[PDB]
Amino acid sequence: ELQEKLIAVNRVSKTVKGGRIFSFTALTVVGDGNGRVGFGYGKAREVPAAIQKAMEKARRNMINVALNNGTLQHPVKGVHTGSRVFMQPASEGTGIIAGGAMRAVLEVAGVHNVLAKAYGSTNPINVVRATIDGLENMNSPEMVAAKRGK
Amino acid sequence: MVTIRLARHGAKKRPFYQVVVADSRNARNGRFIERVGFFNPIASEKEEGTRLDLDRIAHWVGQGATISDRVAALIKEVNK
Amino acid sequence: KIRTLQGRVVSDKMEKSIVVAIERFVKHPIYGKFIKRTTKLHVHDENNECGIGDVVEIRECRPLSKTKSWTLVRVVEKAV
Amino acid sequence: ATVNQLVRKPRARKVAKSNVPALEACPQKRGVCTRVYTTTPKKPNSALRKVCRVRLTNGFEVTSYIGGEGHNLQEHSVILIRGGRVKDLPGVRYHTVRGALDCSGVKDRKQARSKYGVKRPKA
Amino acid sequence: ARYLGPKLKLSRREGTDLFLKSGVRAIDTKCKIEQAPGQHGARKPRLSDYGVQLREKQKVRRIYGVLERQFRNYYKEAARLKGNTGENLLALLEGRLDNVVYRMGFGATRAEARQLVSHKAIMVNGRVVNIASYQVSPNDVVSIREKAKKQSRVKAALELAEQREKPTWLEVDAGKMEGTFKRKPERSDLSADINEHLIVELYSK
Amino acid sequence: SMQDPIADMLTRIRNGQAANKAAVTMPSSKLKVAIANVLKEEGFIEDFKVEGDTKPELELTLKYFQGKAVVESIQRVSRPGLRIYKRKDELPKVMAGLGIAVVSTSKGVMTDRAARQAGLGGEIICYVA
RNA sequence: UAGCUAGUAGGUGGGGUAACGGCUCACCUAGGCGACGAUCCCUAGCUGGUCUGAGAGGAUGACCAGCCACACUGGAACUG
RNA sequence: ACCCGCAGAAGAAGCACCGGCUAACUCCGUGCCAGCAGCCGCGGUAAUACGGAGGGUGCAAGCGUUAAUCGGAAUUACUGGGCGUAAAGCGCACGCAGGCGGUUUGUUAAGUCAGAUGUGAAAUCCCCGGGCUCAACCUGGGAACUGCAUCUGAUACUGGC
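As they're listed, the protein sequences go chains AE, AP, AQ, AL, AD and AH. Number 158 marks the last residue of the first sequence (the authors' numbering); no jumps. Number 80 marks the last residue of the second sequence (the authors' numbering); no jumps. Number 82 marks the last residue of the third sequence (the authors' numbering); no jumps. Number 123 marks the last residue of the fourth sequence (the authors' numbering); no jumps. Number 205 marks the last residue of the fifth sequence (the authors' numbering); no jumps. Number 129 marks the last residue of the sixth sequence (the authors' numbering); no jumps.
Because the hints were derived from the structure by calculation, they are not lab data. Among the clues, some could well be false.
Claimed, not checked - In silico DSS-like links for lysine-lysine, alpha-carbon gap of 25 Å or less:
1. AD:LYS21 <-> AD:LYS57
2. AH:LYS88 <-> AQ:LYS35
3. AE:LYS158 <-> AH:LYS55
Stated by the list, open to error - Ranges between beta-carbon positions, derived for each pair:
4. AP:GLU48 <-> AD:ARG69: 30 to 38 Å
5. AH:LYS88 <-> AQ:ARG61: 34 to 42 Å
6. AD:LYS184 <-> AL:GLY99: 53 to 61 Å
7. AH:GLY67 <-> AD:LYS184: 52 to 60 Å
8. AQ:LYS70 <-> AE:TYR127: 56 to 64 Å
9. AH:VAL77 <-> AE:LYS13: 36 to 44 Å
10. AL:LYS43 <-> AQ:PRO31: 47 to 55 Å
11. AD:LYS184 <-> AQ:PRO31: 15 to 23 Å
12. AP:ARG8 <-> AD:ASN130: 28 to 36 Å
13. AE:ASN76 <-> AH:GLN75: 36 to 44 Å
14. AL:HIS71 <-> AD:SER118: 49 to 57 Å
15. AE:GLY27 <-> AL:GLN74: 45 to 53 Å
16. AQ:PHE36 <-> AE:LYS85: 27 to 35 Å
17. AD:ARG69 <-> AP:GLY30: 54 to 62 Å
Backbone N, C-alpha and C fix where the C-beta goes; we use that ideal spot for every residue, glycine too.
Using the sequences provided together with the hints, build the complete structure.
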């Protein structure tokens with residue numbers, strides 16, 4: 009029904025004077041542990057504001073994961089700039105497989121029986137945009153009157 | 001040309017000896033084409049003593065293979 | 003079956019034997035494609051039927067001479 | 001690249017940061033020590049660092065690094081020389097081993113005694 | 001050497017008695033029980049959060065008496081033969097001979113149960129065993145050697161068997177100093193203070 | 001020129017889908033037609049026709065289900081320098097089984113499903129989803 | 001470093017070896033080889049194998065099996 | 001071997017680490033100096049970073065250091081890279097050897113694939129089991145070396161004609 013998680017936090021770089029700026033950036037995720045996921049980035053002064061702008065973005069989007077035999081319905085490509093992500097299905101009764109930062113997204117989608125490669129930037133705020141380009145590139149047929157599978 | 005002889009079955013200082021069929025020339029390490037039992041010179045009152053394999057020897061009995069001095073008493077240490 | 007090849011005569015300047023070039027295929031060192039390679043060898047002949055540009059059939063024999071193991075069988079195609 | 005390339009040659013690769021030719025492929029050598037000098041270090045810090053000039057007993061001559069609560073060195077008394085990365089000073093490759101030959105350890109230590117030399121037993 | 005110094009420190013780090021130095025009623029013993037160690041406290045940083053699994057591994061290592069080099073090998077065996085690695089590992093350490101001698105009530109603590117193995121007092125299926133890593137399997141019979149059955153520290157360990165949860169997977173009788181390991185533990189049938197959903201996420205180094 | 005039949009046929013189709021074309025036309029051959037004869041059997045096309053006698057052209061009609069697209073991947077992967085050859089079990093399971101491989105065999109052009117049923121191996125020509 | 005060259009290249013006798021072949025003593029002709037790097041110079045035991053890894057390769061050559069040469073050095077011959 | 005005695009706890013515990021990544025920390029000395037580190041960095045009177053000191057963290061009969069070689073470096077891109085500019089398209093065209101080339105019906109079966117024989121020892125990583133207390137050592141078959149040669153076939157596709 010509902011799963012929530014925190015992935016990353018980083019202070020804004022800017023030397024503004026003299027001193028540095030007090031703006032922070034945050035990345036959070038939402039899902040159901042059954043087949044759905046949503047994500048949010050946010051920017052504000054200090055972490056207790058930046059994390060809430062991120063949560064309020066993550067609580068405004070939801071995408072379905074195409075599943076078969078409890079794993080991905082097919083291998084899929086998803087790209088955003090330097091994050092050139094490929095996601096592929098794994099074997100029965102498996103979960104490691106998943107580790108690193110990809111575990112934090114698969115933990116809210118519910119499916120650790122999924123293997124990924126980034127082929128470039130693993131930068132958390134940018135790789136999260138490439139994985140959802142892959143979830144928009146997931147096939148759900150809508151073809152079974154002519155083509156095989158399911 | 002093959003004879004029935006012994007081969008070392010590992011185990012440091014602890015002789016078990018595998019009984020094997022091989023040509024009686026060149027080095028004695030390997031060279032064997034079939035295994036036919038265990039000589040077991042270290043067993044005493046055990047239900048797993050000196051053993052033969054009555055199928056793996058069945059081509060090599062009588063005239064099939066040569067018999068060596070090392071195994072000339074094997075037929076009376078096995079059961080029988 | 004016999005051990006034979008076909009190739010072109012490339013020099014007939016010797017007293018009896020001739021020089022012949024044969025072609026074969028070999029693999030590219032990383033992209034695996036077949037590419038063509040020449041082999042030029044001396045061929046044993048005592049009949050003197052051909053000259054340069056002609057194509058002949060050859061057989062691999064016993065060693066015939068110093069670094070020569072192939073003999074001429076027949077002419078296959080005449081230059082012009 | 002085009003699909004016919006890389007014929008009759010392998011790829012060239014890069015060398016694993018080898019830099020100590022005066023060691024003759026050995027882990028260490030002997031050297032006599034001839035002079036001591038001071039060098040201005042890089043990046044802003046209230047610091048200056050020292051180096052020594054070393055002739056080796058194998059016909060070479062190099063500049064080597066020194067430290068470990070300061071230095072104890074003297075002319076021609078003989079020390080050990082080996083590779084060590086710096087960082088601490090620019091243009092330098094070599095390091096001086098402590099508790100060996102004329103080179104001292106560290107005076108009075110309660111922990112880390114397996115590093116940088118420690119006093120001998122008795123009394 | 002085997003642990004050394006005071007074991008009660010591990011029971012102060014939880015705020016609950018961890019079954020350490022247990023005898024008779026296992027209560028009070030004027031040992032600073034249910035009181036925190038130190039004085040600065042108090043007021044502590046709330047982990048990385050990666051440190052939460054490293055601490056959960058610490059509990060299982062201190063309870064079941066094993067080191068990191070062996071814990072990594074138990075994880076490798078638990079990641080096999082169906083079911084999740086966290087549940088399989090928590091049942092694999094339960095199958096140790098030193099833990100079974102403790103669950104059979106012949107030791108009041110795992111330190112004195114492990115002493116019976118290290119001093120070769122334990123028998124399994126008619127063979128004498130001196131290894132605490134020995135695997136106890138379904139229908140295996142575990143007992144104390146006949147001229148050691150009357151030694152009084154084993155009789156003093158029976159005072160805890162009347163106070164603890166009877167382990168649903170094994171059966172024992174002190175009138176013969178003999179017990180049997182009936183079945184492999186199931187997480188639906190044995191409940192623990194260990195977080196089974198954290199000890200799966202390991203390695204990660 | 002017609003130098004390559006596959007670097008034509010697959011390219012015309014893949015670009016024809018980016019133009020949303022119902023049918024696409026090319027210079028015809030018994031290799032291009034032997035591939036269309038597999039695409040029709042597996043349901044990717046609803047029609048194909050060959051017209052022109054001594055200058056024949058092949059026009060094939062893609063079978064759409066709802067709105068856009070009929071092929072989710074259409075690649076050669078093989079090369080004329082070295083072609084991809086596979087033994088009777090080594091046939092690829094394209095897009096983890098959501099697609100197919102098309103095989104050249106001594107019994108003609110067929111699917112990896114039909115080649116495996118015939119106990120055959122050969123050369124891969126198309127990887128399709 | 002781009003050229004190397006009178007058993008170098010083909011032929012005829014008689015020897016030699018257990019045996020094919022210039023392996024060998026002597027003739028008669030002018031051929032033959034080099035970019036897959038011949039020539040010239042430097043340097044050298046090595047394969048199956050190992051460590052890493054989807055796979056492969058630079059380097060390595062223990063195991064467990066193979067394998068080129070040497071016994072101061074430069075070399076030769078008999079017995080078998 | 002394996003088992004049994006005499007002596008008395010008898011002779012038996014350290015190594016690296018304690019600013020950050022990195023679990024463990026606080027109290028003095030020094031005061032931009034001197035000393036410290038893998039990298040970032042520390043130091044002017046509150047230094048968890050230097051010296052001093054009590055405890056603590058992690059490993060343990062070992063613990064740290066290091067040399068060579070791989071690996072992260074998808075930072076030599078076979079698996080799996082680029083050339084308007086940030087680093088690379090010859091000044092340009094012609095061309096011998098090499099590389100590449102429309103289409104159909106015959107024909108060949110080299111390349112490709114299929115039915116088998118022979119072999120790739122001992123092993124590799126892996127699946128299941130055995131002789132000895134476990135283990136080495138020794139196994140006893142799987143999975144496998146996807147190549148190389150022969151025999152018997154297929155002819156779509158590629159090449160020869």
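Evaluation of the provided hints:
1. Of the supplied pair hints, the one linking AD:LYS21 and AD:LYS57 holds, its CA atoms being roughly 22 Å apart against a limit of 25 Å.
2. Our distance criterion of 25 Å between C-alpha atoms is met by AH:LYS88 and AQ:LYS35, whose separation comes to about 22 Å.
3. Simply put, AE:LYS158 and AH:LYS55 have alpha-carbon atoms about 41 Å apart, too far for the 25 Å limit, and the pair is violated.
4. In this structure, AP:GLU48 and AD:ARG69 meet the distance hint of 30 to 38 Å, their C-beta atoms being roughly 36 Å apart.
5. Hint check: AH:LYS88 to AQ:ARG61, Cβ distance near 37 Å, so the stated range 34 to 42 Å holds.
6. For AD:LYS184 and AL:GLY99, the Cβ-Cβ distance of about 57 Å falls inside the hinted range of 53 to 61 Å, so the restraint holds.
7. Separation of AH:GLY67 from AD:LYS184 is about 55 Å and conforms to the stated range, judged on CB atoms against 52 to 60 Å.
8. For the hinted restraint 56 to 64 Å between AQ:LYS70 and AE:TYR127, the CB-CB distance of approximately 58 Å keeps it satisfied.
9. The hinted window of 36 to 44 Å between AH:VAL77 and AE:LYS13 holds, with their beta carbons roughly 39 Å apart.
10. At about 49 Å, the CB distance of AL:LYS43 to AQ:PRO31 agrees with the hint of 47 to 55 Å.
11. For the pair AD:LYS184 and AQ:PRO31, the supplied restraint of 15 to 23 Å is violated, since their beta-carbon distance comes to about 56 Å.
12. For AP:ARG8 and AD:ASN130, the Cβ-Cβ distance of about 30 Å falls inside the hinted range of 28 to 36 Å, so the restraint holds.
13. Between AE:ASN76 and AH:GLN75 the beta carbons are some 23 Å apart, a value that contradicts the proposed interval 36 to 44 Å.
14. Checked against the given bound of 49 to 57 Å, the beta carbons of AL:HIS71 and AD:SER118, roughly 53 Å apart, stay inside it.
15. For AE:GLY27 and AL:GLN74, the hinted distance range of 45 to 53 Å is satisfied, since their beta carbons lie about 51 Å from each other.
16. Evaluation of the 27 to 35 Å hint for AQ:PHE36 and AE:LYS85 yields a pass: the beta carbon distance comes to about 33 Å.
17. For the pair AD:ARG69 and AP:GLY30, the supplied restraint of 54 to 62 Å is violated, since their beta-carbon distance comes to about 38 Å.
Checked against the numbered hints above, the structure violates hints 3, 11, 13 and 17; every other hint is satisfied.
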